[PDB]
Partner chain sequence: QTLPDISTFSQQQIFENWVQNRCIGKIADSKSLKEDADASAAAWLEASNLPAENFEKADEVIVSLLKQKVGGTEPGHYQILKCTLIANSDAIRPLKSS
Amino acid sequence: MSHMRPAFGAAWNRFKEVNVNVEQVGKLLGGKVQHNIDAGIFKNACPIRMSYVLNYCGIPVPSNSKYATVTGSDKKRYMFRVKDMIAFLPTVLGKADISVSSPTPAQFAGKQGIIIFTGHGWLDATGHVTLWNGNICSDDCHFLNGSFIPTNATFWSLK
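Hey, can I get that sequence as one chain, in the form solved without its partner chain?
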């Protein structure tokens, strides 16, 4: 069985709607998301953005012990840890079309879809989830960052 995936256009459009800095993202999504953003408890906009994209493209973020979630003023669930979004994606999209070490844009030429860049900073492993249109990311790509060294890119095509 194949898994349904969001249309690339719709995903790109919702993402555009939330492509601002974290505090502006809270100031937009309202509710407990905004509260935790203003408190300094949520500092990463990335999983919240991606939660908004998935929620409004018809993949509702679940109520599950595997994923840390709060609610926005829309009563929909939002993840706020990037590792959780990263784990969540294959469970709904199926296995990635591409996963490569030492990621460069050449490996994704002529492709469009959801892309996860993982790697490490000076102290911890981390990641970034975004959209890729064949030339740019919807916010920032992390190909071979501040001081973030990318070691993998994992990617699903969207139509």
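Residue numbers count along the first chain shown, from 1. Only the largest set of C-alpha atoms that superpose within 1.5 Å between the two forms is called the rigid core. Residues that one form lacks are left out of the comparison. What changes on going to the form deposited with its partner chain bound:
Among the candidates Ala109, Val100, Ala68, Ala125, the CA atom that moves 2 angstroms or more between the two forms after core superposition belongs to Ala125 alone. Listed alone, the one run of 3 or more residues present in both forms whose C-alphas shift by at least 2 angstroms between the two forms, with the core superposed, is 122-125.
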The other form holds:
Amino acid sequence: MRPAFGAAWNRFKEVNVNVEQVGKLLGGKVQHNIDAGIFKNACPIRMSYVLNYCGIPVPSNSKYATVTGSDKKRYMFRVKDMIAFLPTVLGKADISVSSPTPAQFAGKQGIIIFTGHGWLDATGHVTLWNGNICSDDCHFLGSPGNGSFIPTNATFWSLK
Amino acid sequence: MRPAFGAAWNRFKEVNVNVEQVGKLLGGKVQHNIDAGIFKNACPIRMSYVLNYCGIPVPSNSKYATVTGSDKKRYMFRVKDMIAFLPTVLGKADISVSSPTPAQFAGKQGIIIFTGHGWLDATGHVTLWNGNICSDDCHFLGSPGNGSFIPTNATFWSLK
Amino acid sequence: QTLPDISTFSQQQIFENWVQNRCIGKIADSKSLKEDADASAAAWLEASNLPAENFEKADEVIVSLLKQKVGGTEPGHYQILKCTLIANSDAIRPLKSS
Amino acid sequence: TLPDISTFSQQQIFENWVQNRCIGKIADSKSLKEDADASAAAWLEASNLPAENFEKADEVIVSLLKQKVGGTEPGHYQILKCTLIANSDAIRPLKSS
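For comparison with the form solved without its partner chain, provide the form deposited with its partner chain bound.
And the full complex, kicking off with our chain again.
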């Protein structure tokens, strides 16, 4: 049973802030490692928060490296782990396409993964899609926040 | 089979300058690598100049890495090579003492090698000694210029 | 010509490079260089398969080892070299295992 | 206790020279550039390779530093780039005499 989109979207909003502020909100070892400068990429951390607070607890599993927040819940810090985790709890992706544009996702709302090459620190970006925009920044072909990233795939699960 | 002390001292004086100025004097590949910042330690290069102009040409030998000056003669750039080279052309050292102090070399003049631990970039320093001072800096126990270098041995050959 | 992918390094080297880059960040007298070194370290972090705890403990080892003073014929403190010595030290070594 | 430079392989010693030199070329800090180039000269001494390998490598370094490298962070990931260069195919043949 996938989380509801509205709840997911509202939870994401709460962590749609820079990594230092994500650390302030989550506390515990998450904040400690962020304050130490060890965790920079907040992406898997945000989605860990969303999933944790929308009925999908992040497990204590060797497959997915985690640390705890002040809530004593678990948070993944590697985007590759979050990407691998999502199908194990959401089932098979509804949509998976090469050369991703919003065309393939019109009228859809849910969780989206953009994967590609060009970010040395990340194989992709995991976020929410509401049918028009993403909950932080999209990374379709030609998206303005891509930087050196070039998307080769988008994978998606409908929520609601 | 050894260079005269007076000539050696005179040659060393000509290169008793900073590494950039050593390069300006020698020209060629020596200067190129100094100007690029690749050669920092002028010590084996100075002694190569002395030997080249006191009848002991730095050879072409696989054992000792060299580059040419504008004079088309050879210059060692590794102090460990200069240290290994000297006994092969000067013969057995006249004096070899552990924990070297200046009194051990009173009334003597020639080529001296201070070896020891603590310099990450150099197993020792090669220079001339006139009985009172070295041609650049001494590295006996207690010499003011040691920094992190701890002298464990001095090896020495008299020159007439 | 083309640079190697991070994935072409061994897991050991990935951890060593994390440690080294993080050391550089700690000794850099430069805000821009520190940010660069820490962003760089976070790329090795993502590539590693080691648990967070290994990195947390390693950071403590780093702070302790950085206090060691080394030198050479040049007047500086050879910290850049020290960063590599630390990455390859016995003290860091067990943190290379899960 | 820190390991001695002699405990590294000759290949690693050359790679570290390349990485240190790279750092020396990208560092803004005067103190850090000096430290980086001093550090490099120490790897240089420990290596057994001919000078020519280093001369050519430095030219490869200047060329490869021009590569633009990126990530999710805003910077240029220069410190990462220095390591990638040290381990690049373009540098590899200079590891042999």
